[PDB]
Amino acid sequence: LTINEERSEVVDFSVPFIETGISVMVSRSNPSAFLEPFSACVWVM
Amino acid sequence: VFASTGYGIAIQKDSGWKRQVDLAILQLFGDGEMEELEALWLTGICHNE
Amino acid sequence: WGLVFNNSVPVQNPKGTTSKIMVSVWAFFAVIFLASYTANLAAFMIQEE
Amino acid sequence: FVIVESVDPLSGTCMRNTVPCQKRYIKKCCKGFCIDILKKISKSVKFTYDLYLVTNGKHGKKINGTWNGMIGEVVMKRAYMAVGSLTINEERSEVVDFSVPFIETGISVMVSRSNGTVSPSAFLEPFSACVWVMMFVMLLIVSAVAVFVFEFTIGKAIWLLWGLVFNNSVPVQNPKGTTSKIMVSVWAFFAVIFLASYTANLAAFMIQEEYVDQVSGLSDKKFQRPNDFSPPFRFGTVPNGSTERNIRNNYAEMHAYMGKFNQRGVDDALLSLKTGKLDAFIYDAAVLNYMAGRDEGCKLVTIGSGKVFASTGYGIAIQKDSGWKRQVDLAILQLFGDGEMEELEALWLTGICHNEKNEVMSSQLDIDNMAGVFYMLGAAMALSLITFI
Amino acid sequence: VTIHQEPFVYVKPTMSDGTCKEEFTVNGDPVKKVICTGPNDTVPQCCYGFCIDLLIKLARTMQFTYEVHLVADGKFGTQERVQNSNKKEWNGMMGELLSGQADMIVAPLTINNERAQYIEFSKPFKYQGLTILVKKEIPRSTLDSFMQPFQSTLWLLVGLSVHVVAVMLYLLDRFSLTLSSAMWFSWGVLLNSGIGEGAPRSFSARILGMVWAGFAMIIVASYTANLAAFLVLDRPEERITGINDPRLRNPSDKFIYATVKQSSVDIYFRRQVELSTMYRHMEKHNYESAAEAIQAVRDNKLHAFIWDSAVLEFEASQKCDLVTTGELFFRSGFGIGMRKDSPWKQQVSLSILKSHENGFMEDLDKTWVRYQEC
Amino acid sequence: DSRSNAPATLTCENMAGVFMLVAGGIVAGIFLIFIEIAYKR
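Protein chains in written order, with the UniProt record's numbering: chain A, 513 to 542, 547 to 561; chain B, 756 to 804; chain C, 610 to 658; chain D, 416 to 439, 452 to 578, 600 to 837; chain E, 401 to 441, 450 to 584, 601 to 798; chain F, 799 to 839.
Just so you know, the hints here were simulated from the structure itself, not pulled from any lab data. None of the hints are false.
Covered stretches of chain B, as calculated for chain E (at least 3 residues, CB under 8 Å):
1) 758-765
2) 773-783
Cut-off 25 Å, straight-line C-alpha distance, at most; resulting in silico cross-link-like pairs (DMTMM-like, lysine to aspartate or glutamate):
3) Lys773/B with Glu521/A
4) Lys467/D with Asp669/E
5) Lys466/D with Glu698/E
6) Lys755/D with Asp799/F
7) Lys544/E with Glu807/D
8) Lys747/D with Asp658/E
9) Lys743/E with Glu657/C
10) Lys805/D with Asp658/E
11) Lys764/E with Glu521/A
12) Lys722/D with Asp658/E
13) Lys708/E with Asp423/D
14) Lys544/E with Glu658/C
15) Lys544/E with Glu744/D
16) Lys764/E with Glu497/E
17) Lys467/D with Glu698/E
18) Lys768/B with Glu528/E
19) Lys805/D with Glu661/E
20) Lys790/E with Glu517/A
21) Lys544/E with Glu657/C
22) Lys543/E with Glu744/D
23) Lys768/B with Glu518/A
24) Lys725/D with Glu701/D
25) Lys773/B with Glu528/E
26) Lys470/D with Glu698/E
27) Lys466/D with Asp423/D
28) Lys764/E with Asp777/B
29) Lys778/E with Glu475/E
30) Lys768/B with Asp524/A
31) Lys769/E with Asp524/A
32) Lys455/D with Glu698/E
No residue lacks a Cβ here, since even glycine has one placed at the ideal position from N, Cα and C.
Using the sequences and the accompanying hints, generate a full structural model.
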C-alpha cells in the first residue's frame, strides 16, 4: 500500500506493515577544518 | 524523510474481515519475527551507517 | 615567530645564552604545537563527518 | 554449561524453561546450557527428563580406582545417562560409554589482556630501507652535482645536504651555487616527502598494528622454565582438574610447579587474575573461551590465539553398553542436525565480550621500544669511536 | 487526557492568575497553549506542548470545542487481575476512556493487540519503536599533557643521551669550541632549532651529527605516533547493540537495564516467550516515572531504562549526558485515544491523513523535533 | 602469513617514482646546469 489520504478517500485501508515516507535517493557523492581544528583560543595564547 | 507512510492491505470500504484483519495486523506485528521479515526481505547487504 | 611557524627562519639569531634558553622554550614548544596541528589535522582527516 | 538457580519462594516452582534439579533431597532450581542441550535432546529422544544436583565431586576420577563424581554416578549407575558437560577424555573412555561432543573443546590456559603489549617497535622498521638505500644513492648523486656545479668543503657539505635530508636543521654554511640551490630543492621537497612519509608509515604502524605480544603457552619452554624467571608465571587450574591430569600425561614441569599452581575456584581464580593474583589460568578450555566471554569488566584476553591444545568436547556419556546408546547417538546426529545450536550459543554460548580485535592499547609513555632507537643511536656512537681510533 | 511528557507535550503548572507565559518560538511562533486539567500533583493546570498542540490542530481542522484532562494514574491502561473477583481488565487512562471520563483522548502509545481488543484509534500520528536508555559514559580521552605520553625515563634518558653524547663527540674533536658547542651545537641538535652556532668538521663526528639527527627526526615521529593514537583510537565498545544483547540477556547485579514500571512498552515485555526471565528481573527493579528515568539515568543508578524511540530522541535532545540505544523494537507509534465506534472517528482519521499530507507535521517537528538543536 | 590485516605500510618501489623522479630532476640539474652556466657566461 501507498499510505495516502486520497487513497483513504477511495476506500478501506490497512495499518502499515512496514512504515514508509517520502524521499529522493542520491548516489554517494564523489568543510575543510584545516585551520579550524587549531583551537585558536590556545593559538591566541 | 518527508511524509511518513507505510504499506498494508487496504480494501473496499466496510469490508467483512475489516476489523478482524486489522487485528491480523495487531498480532501480525505481534510476531516480532517481522525482524525475520526484514530477513526474508528487508534486511540488506548494503549494511548501513 | 619563524621558529614558531615551521621554523626555517633565516635571520640572524641573537647571541644571548639565556635568549637561547628561550629559544628552547619556543623550540620544544612549537615542536609540540607543530606535531599537534599534525595531530588534530590528520585527526580531522581520520575522524570526520 | 549449566545454571543453578533457586525457585522464587513467591513462585515456589519453575517458570520459562526452568527444570527442577533437587539438592539433598530438597528440590533445587535448574537451568543452563547443557541443560538446554539435553532439553531439546529428550524432545524427540522421547525419554522423560529427570535430573538433580550432583552430590559430590564434578565428573569423576580414580581415587583408588574411584570416581568422586558423575563418573562415580554411572559407576554407581545412579543415573540412566550423563548429566553435565563431558570432559572428552581417553581415561574417561576407558571408564564407560561416552557421547559425541555437543560443543567441541580443547586444552588451554587463559591470560588477562596484557597491559604489557605494544609489540616489536617497527619504528625504524617501516622505513623500506631498500628505498632508504636509494636515498643513500641520493647522497651520492648529490655529491655528483656538488663536484658538477663546481667545474670536507664540498665533501662535508654533502653531509650538510644530508642534514637537510635528516630533519633539515643543518647549521653549516650552504654553498652559494644557484644550480646547487636547485639541487637543494631536489633534496628539499624530496626529504619533505620522505619526512612526512616516515610520518606516514610510522603512525600507520601505530594505527594499523598487530597487538598480540603474548606468551605462546605450555607449548613454549618459557612456560617450561618459569621458576627460572624472577617472578613465576602462574599457569594452571584448580585441583582434581581433568585436563590437569591431562597435563599429568603431558608436561612434567607442569606437575612440578602444580603445587604453586594450586588455585581455588574457577571464576574465583578469574577474579584472582583480575587482581593479578596469578599470571593466567588453565581451566575448561572451550568454557574458558566462553566464561572468558563472561567478564566482570572487559579487560582480559584468554591465553592463546584460539589454537588450543588437545581438542575435546562435551556430551552425555553413559555406562558402557547402555540401552539408548546408539539411539541417543543419533540424538546427537539430528541434534547438531538442528542448526538452532547456533541458538544454543544464543541461549548460552554467544558472548557479549565480542571477539577479535583488541587492537590498540599501545598508547604509552613509550619506554623500551623507544630505547631500541636509543640502541641504534648508541651503536652509531660505537662505530664513531671505531673510526676515531 | 494525557501525562506530561516533554517529547509528547511540555505543560508546566498553571500561573497565579493562570497567566500563560507569552511564548514565541525560535521560529518566533506565539506558541499556543490551553488550560490543563489534572491531578494535585486534583488540580487545574496549564496545558501546553507539542503533541497536545497537534490535537489542537485536530480540532482546528475538524471543528470541535476543546476540553482537557490529565491521567489520574500514570499509565494508559493495563490489563490487571485485582484482589476483588480477580478480573484482569485494561486499567488506566484508556480505562477512563471505557469510562469515557473525557470526550476524547491523546497520548504517546501504540495500540497493543491487547489495546485493539478493547478499542481502536486511527493510523499512527507518528512512528517510533522499542529501544532503551543508553547512558553516555565519560568521553574523556585527554592525555599526554605536554610530553606525558613519553616516559620520564624516555625523555630523560634521551636528554642525558643528548648532553652526554655531546660531551662524547665534544672531547672527541677536542683531544685529537666543543665545551661551548655543548650548549648550542648540542641543543639545536636536540631541538633541531637552528640557532646557527656551528658544527665541527670532523668527518666522522659530523656523521655522529647524523646520528643525533635520525635520533631527532625519530623523536619527531615519536611525537607523531604519540599524538596519532593519543587523539586516535577510542575507548572500548559501547555495549548497547542488539535487543538480544547478552549484557541484558545475562541477569546480574552489574547494572540494571530496564524500563518503566507499569509501562505501556511493558506489553512488549508483558506477553512474551523469549523475553521471559529477563523481563521478570526487569519487573523486579522497574521504576515509575519516565522523568524518574532521566533522573536515575543521570544518577547512574541503573544500567538502562527504556521508553519510546521518539521519547529516546527527545531525551537525548534534552541532555547530552546519555546515549541512544541501538535500534527500534516492537515499532509502531502513538496517537489520540479513540473508543470503539465513534462519530468523530473515520473523519478524524481522514484528518490525520491530511496531517501527514500537510507540512504541519514538520511544523510539529519544529514544535519538538526541530525544537532541539542538540 | 596472517597478513590479512592492514600491514600495507612501506614504500620502496611504491615511492620509487617519487625518489626516482627526484633523480631525474638531478640529471636534469646537469643539463640545465651547463645550460645556465652558458646563460651567465
